[PDB]
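Read the single chain below, which is given as structure tokens and is the form deposited without the named molecule.
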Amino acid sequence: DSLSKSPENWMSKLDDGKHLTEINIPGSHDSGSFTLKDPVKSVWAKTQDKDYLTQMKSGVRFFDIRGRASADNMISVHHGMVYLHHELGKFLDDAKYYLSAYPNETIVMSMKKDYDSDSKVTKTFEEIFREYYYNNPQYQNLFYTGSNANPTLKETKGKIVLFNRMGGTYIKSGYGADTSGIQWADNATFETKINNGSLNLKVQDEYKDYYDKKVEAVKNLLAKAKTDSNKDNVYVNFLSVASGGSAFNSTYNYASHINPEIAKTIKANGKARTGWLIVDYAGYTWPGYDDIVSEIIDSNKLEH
């Protein structure tokens, strides 16, 4: 069958000699926002209703973690100023649990500073993630720590690869893991070289677009990924969009229109390269529409 039909372990069915970059990977934008209940606040701050484990079960492999330093030893999951009711440890344990049960999957975890540190913090966000997470013995063996600039599914399987959005880091494994980090253009389609120029990161993160212009931005990067068999090029394509203050154009409303559309587009294109598509409300299905996660998963060509 399709890999779609077994989302809990689609990556085991792949040829693990593939570089993560050439794999078509579903990701979830602001992964930990599933905790929000508040109806008013969720319009704009909630982007997921499935928890970590359920996300991973539905086939999400890219996780968008944005945090705030709560204390010199602690990172809280945040959507900008909105606290998501847990620390990073929690994502790490769910992730460890899931990888232990499906040791042929890799998880790519993005890590970003999304709001000012608690007044008590005296360390930087990068130092705290590095010392109290990445180098913590608690999470020994959880992270990829190899020195390959462009790691393969075999080298990373059963692990978290850091996708570094902290800025320059002293961490040495993962995407953008150098003292230069990743140069991120605001609300843009852009391209930048990462990992001492080893990789070419091409991102569409135009998070303030309206429906029509977003679909277009997404499809434009989509059409590029499709004709590009360079394993040194990494595509990150965010389907997600900001809502703003009061309006009842929630992130969910935008998602219910963008997801099916991009999904129908991927299906039509068959088995062509998509890059990593980061989506809101991963796994939320609408009767009579194509599912974006499932469509992403199924675009992977099985050859070996």
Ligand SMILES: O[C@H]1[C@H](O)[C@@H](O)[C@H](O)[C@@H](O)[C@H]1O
Given for the second form:
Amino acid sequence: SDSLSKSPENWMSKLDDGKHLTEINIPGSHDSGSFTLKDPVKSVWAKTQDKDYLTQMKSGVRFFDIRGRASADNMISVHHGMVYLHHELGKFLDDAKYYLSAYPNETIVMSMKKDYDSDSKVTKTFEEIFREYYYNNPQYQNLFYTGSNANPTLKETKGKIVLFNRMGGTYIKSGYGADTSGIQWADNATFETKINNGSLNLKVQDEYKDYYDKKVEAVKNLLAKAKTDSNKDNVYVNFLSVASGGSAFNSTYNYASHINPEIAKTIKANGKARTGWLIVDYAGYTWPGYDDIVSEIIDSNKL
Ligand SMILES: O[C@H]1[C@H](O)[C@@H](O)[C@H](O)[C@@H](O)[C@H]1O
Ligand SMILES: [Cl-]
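Return one more block: the form deposited with the named molecule bound, after the form deposited without the named molecule shown previously.
Every component of the complex follows; first up is the chain already shown.
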């Protein structure tokens, strides 16, 4: 009952691998690579994580919100909008690769989004650079999920990174939104859109501008929908992250320390019901006396 989150390194290994990934309640980290920020002024808003990628994985995070900027024709740098996070995409991929080697029944969802205009030296699209120098890179040979099931199971994705495509139209053919239309993302909204040529109904709460109370209500609203929804063809992505501290708190850290426990308590109070994929700031950051969002997301999976 407590047991899954007691060992967050290997919690997916314990699930029925007949489950589709859409039916798994998965913790994600919003702007996953921002843990590298040390500048205290630049960190106030832009720093969303304090754990590195392997530590996030060891804490049970399995959805990663990677934002990129093309900084050479063969290279993607990891960004928070205009802010460079001091590493390239290769570093995230080397960690995931390593982690998935150690724990072969785990799977990682990696969201990929262009977060900033390319360096003036770049002449290719973000999507080509990603497809050509990362996805099709022989060095990442068996790392990505390359199957053609639009709605893959744990069994199918075990030990692999499944692409969650936020780049637009792609020639990549495997993963969520991997087609020439990509995912049609609505700005600062809760929205629904069919993806993978009509196979899946994507339901997203991404109201990233919300005042704090409205943001809490927006998360709770999509949790209440996921709760009664056993349709495996529906995918829920619920962002608990928000800009400018919800216009209520003085840093993204302060903001996270309020919404994360409030949502963790709500999930605990609802039992082991379907939550969808919840993407949080400060994943695996605990406050004494408060419920832990990543643990409660993990423990909401019924065995
Ligand atoms: O800054 C926001 C925020 O990071 C959201 O979670 C993301 O989905 C939006 O596209 C982005 O513009
Ligand atoms: Cl910095």
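Shifts are known only where both forms have a C-alpha. The term rigid core refers to the most C-alpha atoms you can superpose between the two forms while keeping them within 1.5 Å. Positions refer to the first chain, counted from 1.
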Establish whether a shift of 2 Å or more occurs at the C-alpha of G245 between these two forms, with the two forms superposed on the rigid core.
yes
For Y211, CA displacement between these two forms after the core is overlaid, in Å:
1.6
With both forms put on the same core, how far apart in Å are the CA positions of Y281 between these two forms?
0.3
For residues common to both forms, which consecutive runs of 3 or more show C-alpha displacement of 2 Å or more between these two forms upon rigid core superposition, listed in sequence order?
244-248
